[PDB]
2 protein chains.
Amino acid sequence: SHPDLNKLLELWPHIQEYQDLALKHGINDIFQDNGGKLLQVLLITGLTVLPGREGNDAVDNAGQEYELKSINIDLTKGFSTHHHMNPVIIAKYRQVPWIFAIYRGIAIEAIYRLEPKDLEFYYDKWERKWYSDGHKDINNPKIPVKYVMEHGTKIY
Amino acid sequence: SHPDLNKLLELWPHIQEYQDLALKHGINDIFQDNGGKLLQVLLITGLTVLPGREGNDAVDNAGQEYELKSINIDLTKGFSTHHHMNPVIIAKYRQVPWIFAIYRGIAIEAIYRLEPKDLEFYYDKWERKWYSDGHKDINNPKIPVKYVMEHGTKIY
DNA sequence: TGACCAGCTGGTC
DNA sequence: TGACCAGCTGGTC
């Protein structure tokens, strides 16, 4: 047993209270897939994760779907994408806007919206690379946070 | 923003503390790869995670390297392994022991432990397949909890 | 920065 | 309970 365990138990009833809120807003595990940071983004913007979605997909009060990515700036400078990118994956995202949220560790700093139109420069490079490489799966290429800031439009 | 956000503003400080607490134990993010859930197992078992660590692996006061898995018994009935199971991986597992934490949501009910002797039954079946499958990687072959509760030592 | 490398896991017939 | 479907990121340079 570790001395800090006494501290963990003091906070728990508050953690469980947080996890009860996420649950109420469609999220099941706050300790996975950025589960806990999303709920923040969802409550601030007002988007909605729906029952039975694949990945972090969200919808507004009108049907529009969006793709959410989240990054911790104390650690990296490029948003992650997919561990096995290829045309098929790009197609899923192609038509929908993306929402990118930026955290200083666990504290939220900004939320930037990006139009598909702006994300085209990137889908090209990837698809193009794919071919000119032997139809081999790019391993998590990254989107620069700086690019997102200059090209996106800050909504928080 | 959504009215529930206000409720989220009351619980926040209590959340940052957990994060400050996780960061004191080698956890950079409590909302990913089971950070929160992993903090728990650590303070209980008194295990330690070493920087430049490979995933979610801890050591004891004697350098014995371990592998830690987590699971929500309330929605899936088998532990995950690797998205691309293969001989390279397997040959880094059979060398070390696995701790298994069980939760009912985010509430640990137990912690069993397994020796490489116990797990052999599975690696024998996986190399077997990969070698005649056509060296085709195995995507997240699960290990049944029942198997775990019935072949290991209860640690908690 | 581009291109390298890796990690946590959940759902189903 | 096997053998398939799939998701979220990070790290050295």
Given for the second form:
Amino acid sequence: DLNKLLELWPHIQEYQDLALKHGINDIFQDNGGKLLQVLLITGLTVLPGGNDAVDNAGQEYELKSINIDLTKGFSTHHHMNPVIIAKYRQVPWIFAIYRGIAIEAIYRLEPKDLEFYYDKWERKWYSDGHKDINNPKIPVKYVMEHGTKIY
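Based on the form solved in complex with the DNA presented above, generate the structure block for the form deposited without the DNA.
Just this one chain is shown here; partners and other molecules are left out.
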């Protein structure tokens, strides 16, 4: 096994080198090694931790990821309210689907594809007497059904 490390490490360092070039300081923390795949495939640039990335034309995106083996719904925001929703409405969303550490598929939804949920939650907020919804999920079936498959 220690032999395996000597044979595998050189490639690992090269992967980290590639990660650094794209603004990922440590591939072994906070899904660093996973985010990199999405960035390279999609050609986006990461933004400082709101919107998570931007393309060469200056279009900002909201990025959501999921481990298909652990859950079946993308998370949004723990304290969902009209302020956040207003922000969400302005940008297209990138949905990344992983299986383990590997990227399996990537979908893009335009704001109009998410209005259904935006309107629903927004009405929810006012009807329940101004109560923040706890991280409402977006079914993977929904994204696969309404988004464009980039990968």
